[PDB]
Structures are given as C-alpha cells and as structure tokens.
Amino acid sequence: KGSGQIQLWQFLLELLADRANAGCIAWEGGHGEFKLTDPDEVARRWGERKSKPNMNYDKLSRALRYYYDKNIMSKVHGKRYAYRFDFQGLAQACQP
C-alpha cells in the first residue's frame, strides 16, 4: 500500500465510525454505501487533519478517484455525493 501519514480512506472510516459526524458524513443505503451530508465540511475537516487550509470538495473528490482504480472505493451513479466502500478491495490492498 504505502506509505507515510494518514490517508483519506482511513480518515473517512474514522469519521464514519462516529455517529456524532452524521451531519457531514454517514453510512446510508447499505453494502458499504455512505453519503457526504455536508461535502464542504468533510473537506474542511480533512484540511485540518492534513494541515492543508486550501482544501475544498473539488480537491477531496479528486483524491477519491485514486481509490476507484485501487478498488478501495466507488461512486454511486445517479446520486451526487454518495460513494461506496469496497471492504473486499481494501482487504486485498492490505495483503502482501
């Protein structure tokens, strides 16, 4: 995988594992589907974690496209801010 500090997938899972964050990000729809209830707030919070003050939703959504090819995530068609976590694809990326 590689390699360094906190990555977007980890931060999103941390946010999704706390119901206190339901106002900006939440598990919704089933089968690893989650929705960005407040896309700009998720982006602002990721900006604080990585000490990147110029962080916005455009840059955040750009970083999610890396996970489609790596098969860690996918984007729900028809919907605007609904994404899906692929735990089988994540576990595969974890294996040596």
Given for the second form:
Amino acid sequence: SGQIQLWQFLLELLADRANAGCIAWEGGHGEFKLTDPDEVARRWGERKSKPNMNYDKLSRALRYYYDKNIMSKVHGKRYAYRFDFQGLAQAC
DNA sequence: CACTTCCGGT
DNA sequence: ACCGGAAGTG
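Switching forms now, from the form solved without the DNA to the form deposited with the DNA bound, please provide the structure.
The next block holds the full complex; its first chain is the one shown before.
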C-alpha cells in the first residue's frame, strides 16, 4: 500500500535512547521490551492515522510477524518481544 | 498487501 | 497478557 510498516516504525523507536521510556532494546539477542505499551500503541496509531489503536491491536500486529519470522515472543516475560534480523533480511 | 477490528479461548 | 482465526479497512 506504501504506508510505513510496523517493523520499520519499531526499529526507529528502538534506535533512539530518548524513547527508552516507552520502548528499548533489552535482554540481548534482538530482545526488546515495550516499557510503556499504551504509549507505543498511541504513537503507532498517530503515525498510521488510526486513533483507536491500542496495545490489543498492536500486539496482534506483532503476532502477525511471528509467521513471517520477523519477530517472536519472549515467553513469560511481560511486554517483551524479540526481533529476528535474519528473518527481516530473508523477507527482503 | 499489511495490517486493523473483533473477540472467544488459553 | 497472550494467542490466533476470521472478516474488514486504506
């Protein structure tokens, strides 16, 4: 469609320490955490033109990435996901 | 296409 | 919180 993709949006946030308040790399091996899921969802909505966006819908988008091998869940760790760069590369 | 909505189930 | 099927939006 041309619109910005979620993975790009998240990498941009994660590439700036200024955003550690809501999202940051943590744990290691591509692991990151949404330290403020509501905030991240708000930014995503605003950035995407979907004002009724929330973590419920955002996380669903993240889960959609599971099948694409672009991301996976850190099982048992609240709000903690894992970026798969090899998978991202294989998608290109 | 790449999500966004919705929501019953774990 | 997290999962994931199914139908809908730009």
